[PDB]
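Single chain ahead, by itself, as structure tokens, in the form solved without this ligand.
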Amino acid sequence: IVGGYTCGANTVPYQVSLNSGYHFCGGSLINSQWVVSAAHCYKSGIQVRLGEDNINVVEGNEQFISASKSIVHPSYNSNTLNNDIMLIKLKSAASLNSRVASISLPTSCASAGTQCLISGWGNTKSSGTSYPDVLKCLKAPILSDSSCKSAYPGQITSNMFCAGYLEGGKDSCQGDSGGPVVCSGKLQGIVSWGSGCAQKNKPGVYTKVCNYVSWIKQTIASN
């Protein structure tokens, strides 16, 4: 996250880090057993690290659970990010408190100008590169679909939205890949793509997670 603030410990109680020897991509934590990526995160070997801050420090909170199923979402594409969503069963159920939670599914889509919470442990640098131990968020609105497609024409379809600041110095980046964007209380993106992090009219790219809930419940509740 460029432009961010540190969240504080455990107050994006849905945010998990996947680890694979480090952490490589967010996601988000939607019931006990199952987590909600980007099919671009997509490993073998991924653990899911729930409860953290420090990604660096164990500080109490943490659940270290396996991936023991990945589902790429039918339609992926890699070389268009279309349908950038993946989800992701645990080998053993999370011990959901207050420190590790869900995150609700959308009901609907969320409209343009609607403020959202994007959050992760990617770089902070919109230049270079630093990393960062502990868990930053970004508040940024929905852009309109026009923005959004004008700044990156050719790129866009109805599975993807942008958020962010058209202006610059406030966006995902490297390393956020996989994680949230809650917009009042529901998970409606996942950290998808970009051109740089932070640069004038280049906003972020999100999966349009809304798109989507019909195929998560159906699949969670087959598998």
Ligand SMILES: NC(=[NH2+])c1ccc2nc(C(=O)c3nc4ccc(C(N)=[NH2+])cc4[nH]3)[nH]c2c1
The other form holds:
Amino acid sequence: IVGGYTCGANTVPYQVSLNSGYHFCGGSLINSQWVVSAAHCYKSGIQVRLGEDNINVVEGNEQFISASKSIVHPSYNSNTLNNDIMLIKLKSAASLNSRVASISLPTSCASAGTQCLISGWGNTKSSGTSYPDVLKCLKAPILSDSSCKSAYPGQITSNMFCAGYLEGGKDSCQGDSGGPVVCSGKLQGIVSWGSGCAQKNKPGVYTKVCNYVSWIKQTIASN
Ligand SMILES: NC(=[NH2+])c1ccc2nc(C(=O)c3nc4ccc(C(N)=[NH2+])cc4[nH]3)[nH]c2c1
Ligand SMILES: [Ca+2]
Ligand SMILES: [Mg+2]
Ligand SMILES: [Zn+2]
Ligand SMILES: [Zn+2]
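Form solved without this ligand done; form deposited with this ligand bound now:
The complete assembly is shown below, putting the previous chain first.
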């Protein structure tokens, strides 16, 4: 997250850290047995860590569970990153409490103007590399599709939306990947891509989760 702040320990209780020996992507808990992340975060052998804040220290409120299965969206295009979403089932169900809770899926799509919260343990420098150990947060509004498509001509589809600041300075970044974008209590986006991080006129591009609720719901009920 570049230009964001420290959330506070367990203040974003639906945030997850995907680990394959190290933290490589984030995810959101949707219920005791399922997580949603990005498809470009697909790897084999993933452990889902919940109640995390500092990912390098065991502070006591964590739950480390391995995944039993990963389902990448059937229409995911790794080249355009269109339909960049993946579901992860846990081997055991997480025990939900104040530090580990699930986030709700949207009933409709959010409007441009809406402020959301984006969180993750990804890079924090635009020019440089700094990886934090605690969760970083960023409040950012949904941008008009017009400004999104001008910045990325011919790259944006109806399953993507941009959020951020065109001036630059503030954006999600590598490592935040798969992470949540919550607007008004609903998970509206997943960190998908952008051009570098926090660059002027290069806002982040997020998977428009409101277009996948039927797919998510149908898949977790049948798996
Ligand atoms: N396991 C891998 N091979 C992997 C995993 C995540 C990655 N993430 C990037 C990346 O390159 C990347 N993830 C981004 C997320 C947000 C923004 C943004 N500017 N908003 C830019 C990003 N760039 N490469 C990745 C490679
Ligand atoms: Ca920890
Ligand atoms: Mg994240
Ligand atoms: Zn990424
Ligand atoms: Zn990149």
